[PDB]
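Left out: one protein chain. Kept in place: all the others.
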Amino acid sequence: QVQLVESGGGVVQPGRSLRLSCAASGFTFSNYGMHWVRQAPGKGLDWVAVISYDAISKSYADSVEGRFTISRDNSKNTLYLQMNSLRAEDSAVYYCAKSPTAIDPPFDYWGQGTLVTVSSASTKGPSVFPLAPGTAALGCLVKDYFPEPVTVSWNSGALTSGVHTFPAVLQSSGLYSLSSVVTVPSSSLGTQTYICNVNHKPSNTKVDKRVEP
Amino acid sequence: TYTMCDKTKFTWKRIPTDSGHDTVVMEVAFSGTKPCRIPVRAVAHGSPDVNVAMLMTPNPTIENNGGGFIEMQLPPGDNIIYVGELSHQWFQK
Partner (left out) sequence: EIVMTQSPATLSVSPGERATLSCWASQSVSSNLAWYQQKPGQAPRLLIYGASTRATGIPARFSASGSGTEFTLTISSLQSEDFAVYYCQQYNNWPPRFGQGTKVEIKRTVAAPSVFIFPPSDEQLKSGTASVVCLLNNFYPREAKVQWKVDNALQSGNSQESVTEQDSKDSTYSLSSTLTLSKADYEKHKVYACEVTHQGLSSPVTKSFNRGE
């Protein structure tokens, strides 16, 4: 089966450089055109660049021309995007996409994406505060972290029904904050323990938090 | 500065034809993303690595509205003309 795996994303400071790559498997890589597409958080799809099957032909969106360079290694089945002079608005999930033919769209297979955040903020783990409680609700406030993403589970995954983990908001401080809630029976508050497990992988921050009535 | 046209999307509008002026002419149609430069080459049978297409139209393109005509001279004998993956035989006197 056709498989595309991106890597190289992360935090980079404005003006600096970042190289994304995309490892392809499951097809004859060197027969197909390859593309990069990006998607800023909450926004539409945005074509970035194309390289033909044989690397002879290349083309770039106006927004990135002169700054980005697409290339490929057909012996290593790898696609590359060299991104120079990065600006805040280049921040996006970046997808590699395969062409069913030699260079043209459409994009018949897509990678999973790699998140690129252009920012001067420093990587920072979240503070985790309790949101204490027929039906009760409780939760966790995951405040003041950078960059995305954060994962949140409840009772180490032994509790998923009634859980809502909300999209994070970017605060004035350049930091993110999200909340996660769960509704449980009120009769459960006296016996059942509730713990939210927050994981901020960029900072190696793993926080378990007991939520007390 | 054009990209090479997608080699999988060509068809003959006019297969290779004697021009009357000691050249070979043809017209392709292209169904892909435009505009682009037409990849055209030729080989003599048995010699796949040596291009023999001498183009009177050196920079053939498919424009957003127009293009597709190609004129070339070929060496005597059995030749194959390729526009992308599209092919046609040509025997040259």
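Couple of notes before you dig in:
By written order: A and B. Residues from 1 in each chain.
FYI, contacts are C-beta pairs under 8 Å (C-beta built on N, C-alpha and C of every residue); 3 or more make two chains touch, one makes a residue touch a chain.
Of the chains displayed, those contacted by the omitted chain across the entire assembly are A, B. The chain not shown here is touched by just one of A:82, A:127, A:199 or A:205, and that residue is A:127. Touch with the chain that is not drawn comes from one residue among A:14, A:106 or A:213, which is A:106. Think of the hidden chain as still there; on chain B it touches residues 3, 31-36, 64. Those residues of chain A that touch the chain absent from the view are 44-47, 59, 61-62, 95, 100, 104-113, 127, 129-132, 135, 137, 139, 141, 143, 164-169, 171, 177-179, 181, 183.
Methods note: only the chains that are shown with their structure count from here on.
Once the centre of each chain is set as its mean CA position, chain A and chain B turn out to be 46 Å apart.
Every residue of chain B that touches chain A in the complex is listed here, in rising order: 3-4, 6-9, 32-33, 84.
Chain A makes touch with chain B in their complex at residues 33, 50, 52, 56-59, 101-105.
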